[PDB]
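The data below hold one chain only, encoded as C-alpha cells and taken in the form deposited in one PDB entry.
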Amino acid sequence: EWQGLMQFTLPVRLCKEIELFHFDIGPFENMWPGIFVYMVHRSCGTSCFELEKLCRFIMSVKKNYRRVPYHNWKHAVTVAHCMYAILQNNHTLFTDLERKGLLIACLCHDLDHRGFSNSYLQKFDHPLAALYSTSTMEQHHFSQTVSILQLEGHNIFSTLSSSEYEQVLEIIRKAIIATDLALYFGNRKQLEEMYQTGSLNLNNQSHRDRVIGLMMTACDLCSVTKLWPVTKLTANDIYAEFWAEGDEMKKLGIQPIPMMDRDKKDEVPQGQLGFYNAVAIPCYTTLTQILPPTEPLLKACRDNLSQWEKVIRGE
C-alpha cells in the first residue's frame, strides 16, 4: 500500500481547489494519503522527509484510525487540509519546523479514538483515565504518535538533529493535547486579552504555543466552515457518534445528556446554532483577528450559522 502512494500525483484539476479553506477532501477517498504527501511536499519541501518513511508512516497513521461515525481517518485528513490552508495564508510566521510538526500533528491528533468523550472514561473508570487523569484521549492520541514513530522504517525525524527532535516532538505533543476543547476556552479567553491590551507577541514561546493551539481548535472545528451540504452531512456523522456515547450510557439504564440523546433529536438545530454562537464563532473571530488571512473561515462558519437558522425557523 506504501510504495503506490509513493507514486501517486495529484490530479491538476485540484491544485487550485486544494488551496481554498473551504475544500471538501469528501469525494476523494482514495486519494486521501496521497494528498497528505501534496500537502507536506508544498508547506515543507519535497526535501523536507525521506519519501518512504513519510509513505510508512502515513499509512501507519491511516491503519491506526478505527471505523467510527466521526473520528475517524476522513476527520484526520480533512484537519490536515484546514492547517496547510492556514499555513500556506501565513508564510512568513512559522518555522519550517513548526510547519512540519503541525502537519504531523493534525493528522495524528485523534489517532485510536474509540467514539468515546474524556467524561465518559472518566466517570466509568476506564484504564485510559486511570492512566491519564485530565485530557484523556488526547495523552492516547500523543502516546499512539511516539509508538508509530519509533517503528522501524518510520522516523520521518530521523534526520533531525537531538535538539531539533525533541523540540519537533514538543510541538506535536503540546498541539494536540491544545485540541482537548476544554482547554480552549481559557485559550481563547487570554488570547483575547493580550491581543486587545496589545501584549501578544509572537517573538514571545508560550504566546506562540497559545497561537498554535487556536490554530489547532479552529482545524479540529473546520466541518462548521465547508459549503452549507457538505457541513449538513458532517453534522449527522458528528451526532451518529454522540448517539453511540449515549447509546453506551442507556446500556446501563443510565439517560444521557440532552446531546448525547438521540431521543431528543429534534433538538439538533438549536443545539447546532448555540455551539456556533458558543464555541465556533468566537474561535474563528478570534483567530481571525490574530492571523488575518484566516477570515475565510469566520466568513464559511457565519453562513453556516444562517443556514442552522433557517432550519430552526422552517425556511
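Basically, rigid core = biggest C-alpha set you can superpose within 1.5 Å across the two forms. Residue numbers count along the first chain shown, from 1. First, how it differs from the form deposited in another entry.
- Among the residues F275, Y38, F28, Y70, the single one whose Cα moves by at least 2 Å between the two forms, once the core is superposed, is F28.
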Second form
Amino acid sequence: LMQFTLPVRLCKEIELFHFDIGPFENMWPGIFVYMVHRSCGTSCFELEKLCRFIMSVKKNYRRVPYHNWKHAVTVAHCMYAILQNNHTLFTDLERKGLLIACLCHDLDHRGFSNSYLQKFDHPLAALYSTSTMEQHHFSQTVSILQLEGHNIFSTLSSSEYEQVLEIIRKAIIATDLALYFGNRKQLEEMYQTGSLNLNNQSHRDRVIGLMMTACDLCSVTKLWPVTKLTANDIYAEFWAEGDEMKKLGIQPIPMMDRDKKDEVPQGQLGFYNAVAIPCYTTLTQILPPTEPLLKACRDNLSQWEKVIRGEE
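Right, the form deposited in one PDB entry is done, so what does the form deposited in another entry look like?
Here we give the lone chain, stripped of any partners or molecules.
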C-alpha cells in the first residue's frame, strides 16, 4: 500500500514531455519508481528488488559530462511521457521492458563513440564489431539482472522473460544513431504507403526503435536553457574524444575538435534538420499525442537560428 508521491510542482510537471528531473541526484531513484508505478503498476516489480536494481544501475554509470546517471533517468522520463500519452497502444511486457531499457541504455559509457573505440582498438571493438557500445550496454544490463536479489522480472514465465529481454535488447541496440537513419526511412515509407501495421512484430520493433531515438535525443525537446546547457555537456565529451583522436595522430571531425567551437551553432542546425526534426515528425505521424516533442524541437531550432543571427 506504499506509493511514491512527489511534491506538487514535480507531481504536475513530470507528466509533461519537457520536464527536467532537476539537480538533486538523490531524488532521481524516487522519480523513476514513481514513473514505473504509474506507467506499469505498483504490482509490476517487487519494490525491494526494484530499489536494489536501480542502485546497481546507478553504480555502473560513470562520472562523465553527458553519458551519466542523469541522462539515463532523463531518457526514462521521456519514455514515461510517451507511454502515458499512448495508454492503450502498448502491451504489459512493453511497459515493463521499456523504462528499464531506457534506464540501462548507456550502462558503463566511457564518453567515447563507437568510432573512437574502433580507432583505439579497444577490446570491446573486437568482441562487438558494430553497435560496439550498445551491445556492451545490453551485456551490462543482463549482468546486473543476474546479481542476487536483482531479478525484477522473477515473476514472468520463461517465455515472457525471453520476450522482455528481447524488447530491451532491441530497444538498446536502436540507440545506435548509425541505425536510426535507415529505421526512420522504412517507417516513413511504411506510414505513407499505408503498410504500417502495429500487429506486425517487426513493425512494432521499428516504432519502439524510433521511440528510443526520440527519448535518447530529448535534450532538444526541453526549455531552451536546459537544451543549451545540456549541449555544453555533449561537446565537453566530444572535444575530449577529439583530443584523444589527436593523441592517436588523427585529425578529428570538426564536431569533436574544440578549436572549431565557433561552428557549433551551424552544427546544431544540421543536427536539427538531419536528425531531430525528422525523428519527432515521423514519431508524431505514428503516435499523434507525441506532437509536443516535435513542437519543442522546432522551438529550439528557432533558438539556434537566433544564436547564428547574433540575437543571442
